[PDB]
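Whenever a hint applies, use it, and build me the whole structure from the sequences.
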Amino acid sequence: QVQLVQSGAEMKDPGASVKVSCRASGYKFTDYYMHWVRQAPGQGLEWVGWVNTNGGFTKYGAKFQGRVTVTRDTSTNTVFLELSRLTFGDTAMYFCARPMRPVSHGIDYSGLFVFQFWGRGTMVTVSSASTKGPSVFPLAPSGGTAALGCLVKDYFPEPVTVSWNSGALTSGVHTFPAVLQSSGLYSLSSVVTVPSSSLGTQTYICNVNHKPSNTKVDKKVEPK
Amino acid sequence: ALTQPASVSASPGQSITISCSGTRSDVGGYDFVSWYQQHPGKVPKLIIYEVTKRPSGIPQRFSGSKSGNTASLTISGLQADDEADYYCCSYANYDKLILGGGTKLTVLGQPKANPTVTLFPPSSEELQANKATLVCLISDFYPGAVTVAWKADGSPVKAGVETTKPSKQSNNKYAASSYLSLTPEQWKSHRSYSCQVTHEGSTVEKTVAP
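Chains as they are written, first to last, in this note's numbering: chain A, 132 to 355; chain B, 701 to 910.
By construction, these hints were calculated from the structure, which means they are not laboratory data.
Don't take every hint at face value.
[Unchecked claim] Pairwise CB distance ranges (calculated): (1) A:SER344 x B:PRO759: 30 to 38 angstroms; (2) B:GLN779 x A:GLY139: 30 to 38 angstroms; (3) B:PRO740 x A:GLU289: 15 to 23 angstroms; (4) B:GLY728 x A:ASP144: 40 to 48 angstroms; (5) A:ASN296 x B:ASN872: 20 to 28 angstroms; (6) B:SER870 x A:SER344: 22 to 30 angstroms; (7) B:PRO759 x A:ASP162: 22 to 30 angstroms; (8) B:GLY728 x A:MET254: 29 to 37 angstroms; (9) A:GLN174 x B:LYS753: 24 to 32 angstroms; (10) B:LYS753 x A:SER344: 50 to 58 angstroms; (11) B:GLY729 x A:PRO290: 44 to 52 angstroms; (12) A:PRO290 x B:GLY809: 28 to 36 angstroms; (13) A:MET254 x B:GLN714: 34 to 42 angstroms.
Note that CB positions come from ideal geometry on N, CA and C, so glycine has one too.
Here it is in structure tokens:
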């Protein structure tokens, strides 16, 4: 019967601000605090802060001091999370979560220190206002196997395709998901596991294509 | 803030235990440890609180304990649906909540496979552009989760690291990658850099130098 309903995903420029909403129902609103918990893509849960809905008192996590402001509207049972001066590091799912019991002020705070009911989360994506082509660097090789590859560094936006030897080479090829970096740019690598004995006689070339920047690169990857 | 293993696994019907190590300021100082289950792409779910208690609806085969600065979650009678990421959480001095980095629980489909690790040096092409990236490749492993720790001449490096979520290879084993950003001066000046990879059944540390 407890429900927490959050506003929709947001896309923002660096430096912008955003306000996420969380609508509570199925309990007496001011009897409970509300938490905000975030999760950057592929990362762990992080506590952002709490608000006492009775009165509005707030506390924030260490890395979230200042650029985060949590409020509520008791007349509409709504809790808000505002993020100002957005950075690429702020890209994350933001969840509101209700603790399990009212706090007894000056007596018992045990009720506060859990996330019992969760909203579905609101994605905030801080997106690079740019197009950059990648630099392509060889990953030089050297159980009878060896790995080699190409590092496709600092590009935006997605995607980048990578083939090997004009598509001829498939076995042992692995192309990773891109990593979002603090700069707002992506990097990825593509590797291939090959017989060690093929090094120095077989030729390995990665074919990289980043269409948004019209970057097409064929990089020969030679042993050290 | 709290330390958990990257992954744990076992067969259907068996049991696993997930550790959560902290300090006197948090896990060791209070009985305010909670655990959360997150099924892929779903909302986290409270499963344990106050070290040992369970909210309503969570079966008895989920249990929690603590000894000193380490809390543990134990799940017995493992089922396929238990496959999920698990996070521990604790109150900490002062007026904060801190969480572990998460643990992937795999209900084994196949026997475990040890990772093979390759550490690539910066290329001369990157170096001549006044930059340097070490690339740690982790290949052919199962269950699909690892911890990657970077070291400079034996000591920890936390700045300039990015790591991919494990991905699935064509041959259905798992791979991961990690990237350490350095200056060319750091690369040329240290005796060595290393990538240390911790997987469920083995640890591998690879070292590279100019």
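Status of each hint after checking the structure:
1. A:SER344 x B:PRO759: 30 to 38 angstroms: 53 angstroms, violated
2. B:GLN779 x A:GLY139: 30 to 38 angstroms: Holds, at about 34 angstroms.
3. B:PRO740 x A:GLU289: 15 to 23 angstroms: Check passed, 21 angstroms falls within 15 to 23 angstroms.
4. B:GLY728 x A:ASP144: 40 to 48 angstroms: 43 angstroms, holds
5. A:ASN296 x B:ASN872: 20 to 28 angstroms: For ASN296 of chain A and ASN872 of chain B the Cβ distance comes to about 23 angstroms; the hint holds.
6. B:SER870 x A:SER344: 22 to 30 angstroms: 28 angstroms, holds
7. B:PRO759 x A:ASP162: 22 to 30 angstroms: 28 angstroms, holds
8. B:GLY728 x A:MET254: 29 to 37 angstroms: 36 angstroms, holds
9. A:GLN174 x B:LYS753: 24 to 32 angstroms: 28 angstroms, holds
10. B:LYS753 x A:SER344: 50 to 58 angstroms: Holds, at about 55 angstroms.
11. B:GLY729 x A:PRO290: 44 to 52 angstroms: 48 angstroms, holds
12. A:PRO290 x B:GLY809: 28 to 36 angstroms: 29 angstroms Cβ-Cβ, so the 28 to 36 angstroms window holds.
13. A:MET254 x B:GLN714: 34 to 42 angstroms: Holds, since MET254 of chain A and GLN714 of chain B (Cβ atoms, about 36 angstroms apart) stay within the stated range.
When each numbered hint is compared with the structure, a violation occurs for hint 1 only.
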